[PDB]
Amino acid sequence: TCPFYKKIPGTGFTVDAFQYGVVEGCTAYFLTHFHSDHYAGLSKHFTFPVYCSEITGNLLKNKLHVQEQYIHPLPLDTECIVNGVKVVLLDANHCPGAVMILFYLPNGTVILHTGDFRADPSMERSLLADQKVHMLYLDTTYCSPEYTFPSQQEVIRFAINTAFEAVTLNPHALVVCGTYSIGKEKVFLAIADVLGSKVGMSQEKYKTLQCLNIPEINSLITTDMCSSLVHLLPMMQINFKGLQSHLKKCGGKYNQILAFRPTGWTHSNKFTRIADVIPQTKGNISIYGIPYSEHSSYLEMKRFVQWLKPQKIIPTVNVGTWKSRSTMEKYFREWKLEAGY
C-alpha cells in the first residue's frame, strides 16, 4: 500500500506514487523526476492528472506514451495553484527536469519535498529564503558521515584531462561511457567537446536526450557510431568482456578503449583523493570508476538542513530498516542541537 512518506497531509496529493494503483483520496499525482523507481507504474493507460516539470512532461509523452491531456507541466520558480493549493517547483540539482516541490497548505503550514537532490548553497537564494518551512521530506540517500565526494567540477576536470591525454598519445583509442538512466550528461558531453567529436549512441538513448532542452544538443550527439570516437553504452556492458566485444564491432578503426563508469559513491573515497584515482586494466582496455554524484554528500545535506531549520524531517530514502531509520534520527538531533533550532 502507499507509504505515509509519499502523501502530503491536508491535501489530496501524492509524490512519486504511481505503483500502488488508485490511491484513495488522491486528486493530483506529482512526479519529481524521470527515474524508474519514481515513475514506476506510469503508462499510456494512466488517466489522472500528473504534475511535473516541462522536461519530465516531454519524457512522459515521448518515452512512456502518456496522453497529453493528463500531463500538466509547470514552470519553475513560479507560484501556481493546483486544486486550490499554492505550489512552487524549484530546481533540485539532480538529473535534467528534476524538481523540489513547495506546498503552501491552507492552514498555514509550509512543506518542502526535495524529491531526489544534490544540496547546494545556491538554493539558500531561491524562493526558499522568503518564508519558513515547517516540514521537510528529505532525500537521505547518503545520510552518514562516510559519504564524502568531490565537486562535480573537480570530477569533470579529471575526466576531460584523462581523456584528452589518452587520445592525444594514441589517436586510435576509443572512449566509452556507461549510462542506465537520464543524468550525468556532463561526463560524456565534456569529454566529446575536448576531443572535437559528437557522442554516438543507440536510437533509444538519442530519443531520450532529445527530450531534455539541452542547448545546441543537435551539435553534440549522434546515432552514427562510425563518425564518433566517444560511444555511450549500457552500464551493464562496462566490463572487460563487454568492451572487448564492442571493440570487435568497430572493424579495426580502434586499438585501445578508455572507459568511464560514473558510479555514485565507492569506498575508494574514504581514503583516495580524485587526483589519486587509477583504472582497472586488462590488455588494451582500461576502466575508470569516477565519483560523479547527483545526490547530496553528508556535509552538503547537513548544511542545507541547518540553514533551513525545519520543525520536522521525514526521510524518503533508506526507510526500510530500523537501524537505518535510528541512525538518521540521531544525525537529525545532532544537527538541531549544534545549530540551536
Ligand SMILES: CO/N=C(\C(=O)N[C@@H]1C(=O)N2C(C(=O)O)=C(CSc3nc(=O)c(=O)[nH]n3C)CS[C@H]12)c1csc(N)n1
Second form
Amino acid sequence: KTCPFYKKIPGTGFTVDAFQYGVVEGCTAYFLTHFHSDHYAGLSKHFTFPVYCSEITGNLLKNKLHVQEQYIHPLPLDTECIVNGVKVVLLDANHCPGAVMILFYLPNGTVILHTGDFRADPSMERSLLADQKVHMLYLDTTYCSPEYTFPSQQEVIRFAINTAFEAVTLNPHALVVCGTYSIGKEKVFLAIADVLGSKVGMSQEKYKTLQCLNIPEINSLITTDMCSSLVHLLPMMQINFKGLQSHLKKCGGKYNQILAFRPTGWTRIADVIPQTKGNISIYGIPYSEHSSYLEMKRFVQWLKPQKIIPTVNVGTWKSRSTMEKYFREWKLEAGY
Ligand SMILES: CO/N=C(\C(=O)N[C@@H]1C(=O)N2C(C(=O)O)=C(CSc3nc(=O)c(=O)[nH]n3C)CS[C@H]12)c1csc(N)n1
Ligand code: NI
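Write the structure block of the form solved in complex with Ceftriaxone for the protein whose form solved without Ceftriaxone appears above.
Expanding to the full complex; the earlier chain stays at the top.
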C-alpha cells in the first residue's frame, strides 16, 4: 500500500503515523503520535529515517521495537521546536502515556493541528491551542457518532476502586485481574492496587513496558512477583471464564475469587453488572482514552477549524458520509 493523503501534512515533507508503506517518497521526517500498533506498524531495528515523537514513545521504540537510538528524535512537550525548517509543538493528547497532538505552523501562516489519538478535554481550550487560529484539523474520529457516550475516566475509576475494595475487604482471598493488550489505561490497575495496598503483579514483558513510561515511583507500584500481589495484569485474551478459571489454579490455589476488569461497553455507572460464573466475575468497564461524541463535538466547536480531515473510520463510504454530516451540523450550530 501507499501512504494515504490523511497521513501527509501539506506544504511540508512530514508524515504522521505512516511507517507501514516503506520509504514514503518525499517524506523528510516521520512523526509518531503514540506507541499503539496501528500507528507504529512497520518500525523495527532496520528503520533508517528520523522518527520524531515524545520521550516516552522514544523509550518504547528503543526498548520494545529495538529502533536504533540514532533515528529516535524525542521532543519535549509544550515547546516550540524546529524540525526540517518548520515550527512544531507537541501537546499531551490525553490518550495513553507518551501520546501527543502535533501543531504545525506552516510557512504561509496556516496552522494545522493533528490530534493523533486523543480524548478531548475542556483543559485543551485554555492551553497553547488558544493562542493562535488553527485552520486545519486532522481528527481522531474513533467515536464520532452520538451513541458513544461513556462516563468520565474518574467516574469509571471510582466504580472500579469501590467494587474491588468492597470485594477484597469482604473476602481477603479474592484476586483482582485487569486485562491489557497495549499501553494505556494504567490508572485502572494502579488505582485499584493503591486502594488495596498491593503492588500490581505481571509478566516480565509487561513490567518492561511499564518501566518505559516515566510514571513516578513506578518501582513501588509494580512487580514480577505475582503471588505476592492482589492485583494481576493478564493479556486481554485471557479475560474469559476458561482463562480466569485456569489462572485461579496459580499460586498454589491461594485465591478463591476473581474480579476481573475488561475495558468495553462503549455504545448509570452502577448499572455495570458483571458477567458471572461461580466465583469469577468479569466487569466490562467503559474506560476510554478516546473522545466521546460530545467531547469531540465540544472541542471542534471551540476550535472552529476551516477544514476537518478524519483519521479514523475512513474506510467505508457510509462512515465518511456520516462523519461529514456531523461536522456540517456542528459548524451550522456554532456558526463558523
Ligand atoms: C463484560 O464482559 N465483556 C466481555 C467479556 O469478558 N465477556 C465474558 C467472556 O469471555 N464470557 C463468556 C466466555 O467465557 O465465553 C461468556 C459465555 S457464557 C459461558 N462460557 C463458558 O465458557 C462457560 O464455561 N460458562 N459460561 C456460562 C459470557 S460473556 C463472558 C467482552 C467484551 S468484548 C469481549 N471480547 N469480551
Ligand atoms: Ni491509540
